[PDB]
Amino acid sequence: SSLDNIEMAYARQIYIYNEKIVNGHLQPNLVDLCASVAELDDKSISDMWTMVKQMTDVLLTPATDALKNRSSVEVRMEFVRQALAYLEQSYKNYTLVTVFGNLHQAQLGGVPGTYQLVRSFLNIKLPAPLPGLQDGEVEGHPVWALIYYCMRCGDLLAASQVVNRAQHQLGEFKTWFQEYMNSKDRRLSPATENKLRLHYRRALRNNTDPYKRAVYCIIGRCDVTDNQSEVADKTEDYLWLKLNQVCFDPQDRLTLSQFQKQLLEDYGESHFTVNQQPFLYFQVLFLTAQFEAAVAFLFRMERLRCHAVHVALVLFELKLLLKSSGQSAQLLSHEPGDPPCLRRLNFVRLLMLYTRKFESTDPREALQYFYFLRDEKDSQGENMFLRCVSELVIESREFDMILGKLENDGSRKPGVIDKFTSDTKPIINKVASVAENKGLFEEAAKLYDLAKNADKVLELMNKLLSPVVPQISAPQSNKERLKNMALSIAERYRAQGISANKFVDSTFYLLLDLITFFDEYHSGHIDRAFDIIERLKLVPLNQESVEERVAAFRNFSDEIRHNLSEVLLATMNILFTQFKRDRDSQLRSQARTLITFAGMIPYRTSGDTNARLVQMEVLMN
Amino acid sequence: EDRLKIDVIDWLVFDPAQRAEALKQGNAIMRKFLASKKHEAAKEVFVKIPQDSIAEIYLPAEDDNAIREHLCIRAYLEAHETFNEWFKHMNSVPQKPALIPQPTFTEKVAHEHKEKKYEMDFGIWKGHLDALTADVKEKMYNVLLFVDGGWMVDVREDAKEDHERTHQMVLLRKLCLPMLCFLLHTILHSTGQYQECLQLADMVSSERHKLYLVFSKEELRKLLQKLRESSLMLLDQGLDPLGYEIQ
Numbered sequence: 176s177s178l179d180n181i182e183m184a185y186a187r188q189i190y191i192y193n194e195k196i197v198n199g200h201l202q203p204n205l206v207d208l209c210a211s212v213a214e215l216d217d218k219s220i221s222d223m224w225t226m227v228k229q230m231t232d233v234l235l236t237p238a239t240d241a242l243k244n245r246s247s248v249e250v251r252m253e254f255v256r257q258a259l260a261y262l263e264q265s266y267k268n269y270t271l272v273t274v275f276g277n278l279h280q281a282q283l284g285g286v287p288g289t290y291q292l293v294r295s296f297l298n299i300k301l302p303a304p305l306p307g308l309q310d311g312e313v314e315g316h317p318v319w320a321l322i323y324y325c326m327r328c329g330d331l332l333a334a335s336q337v338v339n340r341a342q343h344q345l346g347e348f349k350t351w352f353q354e355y356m357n358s359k360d361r362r363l364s365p366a367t368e369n370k371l372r373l374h375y376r377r378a379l380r381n382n383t384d385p386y387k388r389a390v391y392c393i394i395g396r397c398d399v400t401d402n403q404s405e406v407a408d409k410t411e412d413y414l415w416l417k418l419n420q421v422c423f424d431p432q433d434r435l436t437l438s439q440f441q442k443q444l445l446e447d448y449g450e451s452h453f454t455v456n457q458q459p460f461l462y463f464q465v466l467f468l469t470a471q472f473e474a475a476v477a478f479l480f481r482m483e484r485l486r487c488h489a490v491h492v493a494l495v496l497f498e499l500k501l502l503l504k505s506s507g508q509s510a511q512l513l514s515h516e517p518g519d520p521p522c523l524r525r526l527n528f529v530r531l532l533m534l535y536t537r538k539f540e541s542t543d544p545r546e547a548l549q550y551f552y553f554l555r556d557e558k559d560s561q562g563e564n565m566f567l568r569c570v571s572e573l574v575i576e577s578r579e580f581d582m583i584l585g586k587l588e589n590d591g592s593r594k595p596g597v598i599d600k601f602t603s604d605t606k607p608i609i610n611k612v613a614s615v616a617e618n619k620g621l622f623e624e625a626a627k628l629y630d631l632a633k634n635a636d637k638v639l640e641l642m643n644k645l646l647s648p649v650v651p652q653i654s655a656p657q658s659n660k661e662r663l664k665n666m667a668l669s670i671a672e673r674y675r676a677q678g679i680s681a682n683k684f685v686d687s688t689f690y691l692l693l694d695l696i697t698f699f700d701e702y703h704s705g706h707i708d709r710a711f712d713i714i715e716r717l718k719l720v721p722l723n724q725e726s727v728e729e730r731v732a733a734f735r736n737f738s739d740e741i742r743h744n745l746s747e748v749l750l751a752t753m754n755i756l757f758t759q760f761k762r780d781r782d783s784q785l786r787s788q789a790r791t792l793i794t795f796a797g798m799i800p801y802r803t804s805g806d807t808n809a810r811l812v813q814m815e816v817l818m819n
Numbered sequence: 667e668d669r670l671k672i673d674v675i676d677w678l679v680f681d682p683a684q685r686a687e688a689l690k691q692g693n694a695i696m697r698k699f700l701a702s703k704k705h706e707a708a709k710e711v712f713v714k715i716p717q718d719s720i721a722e723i724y736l737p738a739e740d741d742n743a744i745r746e747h748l749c750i751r752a753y754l755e756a757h758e759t760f761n762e763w764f765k766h767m768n769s770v771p772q773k774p775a776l777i778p779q780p781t782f783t784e785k786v787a788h789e790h791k792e793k794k795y796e797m798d799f800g801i802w803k804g805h806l807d808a809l810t811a812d813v814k815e816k817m818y819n820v821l822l823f824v825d826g827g828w829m830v831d832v833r834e835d836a837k838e839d840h841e842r843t844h845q846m847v848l849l850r851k852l853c854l855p856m857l858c859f860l861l862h863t864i865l866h867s868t869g870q871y872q873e874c875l876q877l878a879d880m881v882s883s884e885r886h887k888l889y890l891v892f893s894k895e896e897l898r899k900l901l902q903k904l905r906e907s908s909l910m911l912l913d914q915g916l917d918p919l920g921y922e923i924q
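In the order they appear, the protein sequences are chains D6 and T3. The first sequence runs 176 to 424, 431 to 762, 780 to 819 under the entry's author numbering. The second sequence runs 667 to 724, 736 to 924 under the entry's author numbering.
Chain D6 with its partners taken away, still in its complex shape:
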């Protein structure tokens, strides 16, 4: 097996999600089905899916195009809020593990109020007082530190409580903050927003209290260039600092498009992967709505291929992933007729790479991933899922497992693909078609016979029999192994009343009779073998039938005319033997008949055959 522990667990989860859609059940939450395995690994992966769920848990317009949802200002706004809510909660967990040694340890004693937690967080991260703080303290801590880390944790209420106990010190900041907490989308009114920004810009552009600076332009979304590096030293603190500063419809203003493009264009992977920590960059792209970038990026880490494919599937089963129309493009690209700030993922190629790894010895699991390509076609029109099953069968040669083995008793035990579509007639011909083009007739027959395509089964069975008609049928020979399959196809084609056009069909049952004629001839059962050839009315034995038999030879399958030479000789040698054992006249007359027939028929080795036939007739007299 080519699948690692983690990859295998995901496969099982994707089998469920397929079993549900294959039986018409409720469309379960894919993101939940993937996070179910994440908990079996380190929290590096669990915290990823947590971000994936929260970033995709946005009210969408079902049955709407992918590009439309992702271009709409409506959806683009909720992404920023879902990310901020993740950066705030994520930071809140950092504040817990900073005070208590373990999340469990914090829980048993009880998670304290965000206010008392933050206070018990300031104790550690600033034990001694910084001399540059302003506006005094509140219950033993600087008022601005409390406000910042409370807003950072996302509890505006806890921050407003701090403000209520410092009404005299904070001046007019109270009426401004109380408006920020009330107004939605973390934005103030243009009039009041103007009043505070100008005040900050007036004489507080450079204040000795960094926490004061941070809060002001987090509330006013100002000084976008100043990264407030004094307080936002971590990467998440930067993302959170900026997403609280982005704006929507000219100076000192930043928008999501600029920010998202500004980040990866100027400070690409190189900047965010110098510490050899891959998820850091992924979180930067995913929490900025650049899902295709983050997916391709994370898909290149050979250790995190599994995770990047699935986060792509989630975005794909939620009409959020922007697929690349052309299949000839690179993995990541920007369509020419699209804005430059969005990118597109060649989803078809993405799955095709992941599959090649475990498609060789783990076919069942491969199909589960090929199903997601059911909705796509190629330039030639083939259904992508169907084509992927053809290529996977041509390579793996797993016919019984994937296509269903058709035993020699008339049964068709369904295969693994039967689960996904009930119309399995084309691919069985596709797979049968190539194997036919590769001279693998004995297989192409079994495959065509699996799809009950007798036109092709009998055609190929005619080719495999004609060479072996006069041969000696011996144990385990190529004659027995082909005759016995032909008879197993004759019964199942009569018991089920199946037949190809009379040309293909007539020749097929005719060869089977001839194969019996030589099997009796090679055994010495001369009398019995003579009777068979007489029924077939293939070789004339009375002079009257020569005219009609000669005309019939003209339109009989060349697979029959080929073996005419051996038939005449065996029949002659049959009469020849019976002569040495009135009757003499009758054999003599029949001997003549064979000669005149052979004389009027142009066929294989007519030279040596016509001569031998005449000699055997002379010895009779």
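Keep in mind that the hints were calculated from the coordinates and are not lab data. Beta carbons are placed, not taken as given, at the ideal position from N, Cα and C, and that holds for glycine. Some clues are possibly wrong.
As the list claims (entries may be wrong) - In the BS3-like style, the derived pairs of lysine-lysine whose C-alpha atoms are separated by at most 30 Å in a straight line are:
no.: 1; chain 1: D6; residue 1: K619; chain 2: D6; residue 2: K586
no.: 2; chain 1: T3; residue 1: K773; chain 2: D6; residue 2: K718
no.: 3; chain 1: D6; residue 1: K627; chain 2: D6; residue 2: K586
no.: 4; chain 1: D6; residue 1: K644; chain 2: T3; residue 2: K698
no.: 5; chain 1: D6; residue 1: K619; chain 2: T3; residue 2: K690
no.: 6; chain 1: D6; residue 1: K409; chain 2: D6; residue 2: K349
no.: 7; chain 1: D6; residue 1: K644; chain 2: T3; residue 2: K765
no.: 8; chain 1: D6; residue 1: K683; chain 2: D6; residue 2: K718
no.: 9; chain 1: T3; residue 1: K703; chain 2: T3; residue 2: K690
no.: 10; chain 1: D6; residue 1: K644; chain 2: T3; residue 2: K671
no.: 11; chain 1: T3; residue 1: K765; chain 2: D6; residue 2: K683
no.: 12; chain 1: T3; residue 1: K791; chain 2: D6; residue 2: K718
no.: 13; chain 1: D6; residue 1: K606; chain 2: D6; residue 2: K594
no.: 14; chain 1: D6; residue 1: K619; chain 2: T3; residue 2: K773
no.: 15; chain 1: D6; residue 1: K606; chain 2: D6; residue 2: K644
no.: 16; chain 1: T3; residue 1: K690; chain 2: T3; residue 2: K837
no.: 17; chain 1: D6; residue 1: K619; chain 2: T3; residue 2: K704
Claimed, not checked - Only part of the chain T3 face toward chain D6 is listed, based on derived beta-carbon distances under 7 Å:
no.: 18; residue: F680
no.: 19; residue: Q684
no.: 20; residue: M767
no.: 21; residue: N768
no.: 22; residue: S769
no.: 23; residue: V770
no.: 24; residue: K803
With chain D6's structure known, arrange chain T3 on it following the hints.
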């Protein structure tokens, strides 16, 4: 391995400066196939040899013989191309009209016509036959009586030793000259030319060709039981064994 050999010919034919080596090797290759009677094999090679090879090449003992051998081989092939046509025809004789005993007066007339049309076709199927018999015969005498030293027999005697080829040329004579004789006998007998059948015993025994040395003792007797058969039909006609009027 058939293709390996028939394919090495196009490589030697491509370069006109090696036409003498292309022919020589073409001969060898066709000598192996002839011993197996692979005539479509031998001929598929025979066409690859440009039809104007002989003209251009113009002489070492190895080139005089290979030119002769090539034509010998063509004389042999053409003696099988025309026989298989002739033989194919011998086996396509117009069939007698079918009889409908107790006929209606309708079936009586359809049959008076089918019987009169057949008595036109059988005349032409002797017509086409005679012309395919006159032609296949000529070819069989071009091989059997090959001009200037017999078939597959070098005229040039100053080449360097090639036991493989030389013994391949003796063999080809012992496989194919008994076999061409027996065919010609079958052609002469099939067309009722019995007097001439018996005159195969002059051709063979002849000291001019010494064809009888290419025969095994068994093959001889067989040819002698073939001629005694033509003789019979000559008695049935009222003539002596050899076809001459009984005075």
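Verification of the hints:
1. A distance of roughly 21 Å separates the Cα atoms of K619 (chain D6) and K586 (chain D6); the hinted pair therefore holds under the 30 Å criterion.
2. Under the criterion of a C-alpha separation no larger than 30 Å, the hint pairing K773 (chain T3) with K718 (chain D6) is consistent with the structure, at around 18 Å.
3. Of the pairs offered as hints, the one joining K627 (chain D6) and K586 (chain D6) holds, with about 9 Å between alpha carbons and a cut-off of 30 Å not exceeded.
4. Of the supplied pair hints, the one linking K644 (chain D6) and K698 (chain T3) holds, its CA atoms being roughly 29 Å apart against a limit of 30 Å.
5. Distance restraint check for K619 (chain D6) and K690 (chain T3): the Cα-Cα separation of roughly 37 Å exceeds the 30 Å cut-off, and the hinted pair is therefore not satisfied.
6. Restraint check: the Cα-Cα separation between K409 (chain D6) and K349 (chain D6) comes to about 29 Å, which is no more than 30 Å; the hinted pair holds.
7. Between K644 (chain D6) and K765 (chain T3) the CA atoms are separated by roughly 25 Å; this keeps the pair inside 30 Å, and the hint holds.
8. Restraint check for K683 (chain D6) and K718 (chain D6): the C-alpha separation of about 17 Å stays at or below 30 Å, so the hint holds.
9. This hinted pair checks out: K703 (chain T3) and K690 (chain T3) have alpha carbons roughly 20 Å apart, not beyond 30 Å.
10. A threshold of 30 Å between alpha carbons decides the hint, and for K644 (chain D6) with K671 (chain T3) the separation of about 27 Å falls inside it, so the pair holds.
11. About 28 Å separates the Cα atoms of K765 (chain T3) and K683 (chain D6), which keeps this hinted pair within 30 Å; it holds.
12. In summary, the hint linking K791 (chain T3) to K718 (chain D6) is supported, as the alpha carbons are separated by about 24 Å, within the 30 Å threshold.
13. Taking the CA atoms of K606 (chain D6) and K594 (chain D6), the gap is about 15 Å. The hint holds against a cut of 30 Å.
14. Simply put, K619 (chain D6) and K773 (chain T3) have alpha-carbon atoms about 48 Å apart, too far for the 30 Å limit, and the pair is violated.
15. Under the criterion of a C-alpha separation no larger than 30 Å, the hint pairing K606 (chain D6) with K644 (chain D6) is consistent with the structure, at around 23 Å.
16. Between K690 (chain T3) and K837 (chain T3), the direct Cα distance comes to roughly 14 Å. Compliance with the 30 Å bound is thereby established for this hinted pair.
17. The hinted pair formed by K619 (chain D6) and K704 (chain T3) meets the criterion: a straight-line CA distance of about 27 Å does not exceed 30 Å.
18. Contact between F680 (chain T3) and chain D6, as hinted, is not supported at the beta carbon level, the nearest pair being about 30 Å apart and thus beyond 7 Å.
19. With a least beta-carbon distance of about 35 Å to chain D6, the hint placing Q684 (chain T3) at the interface is violated under the 7 Å criterion.
20. Interface hint at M767 (chain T3): satisfied, since its Cβ lies 4 Å from the closest Cβ of chain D6, which is below the 7 Å cut-off.
21. For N768 (chain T3), the interface hint holds, the least distance from its beta-carbon to any beta-carbon of chain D6 being 3 Å, beneath 7 Å.
22. Hint status for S769 (chain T3): holds, given a least beta-carbon distance of 5 Å to chain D6, under 7 Å.
23. Taken as an interface hint, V770 (chain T3) checks out: its beta carbon lies about 5 Å from the nearest beta carbon of chain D6, inside 7 Å.
24. Restraint check, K803 (chain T3) versus chain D6: the minimum CB separation of about 13 Å is more than 7 Å; hint violated.
Consistency note: the structure conflicts with the earlier hints numbered 5, 14, 18, 19, 24.
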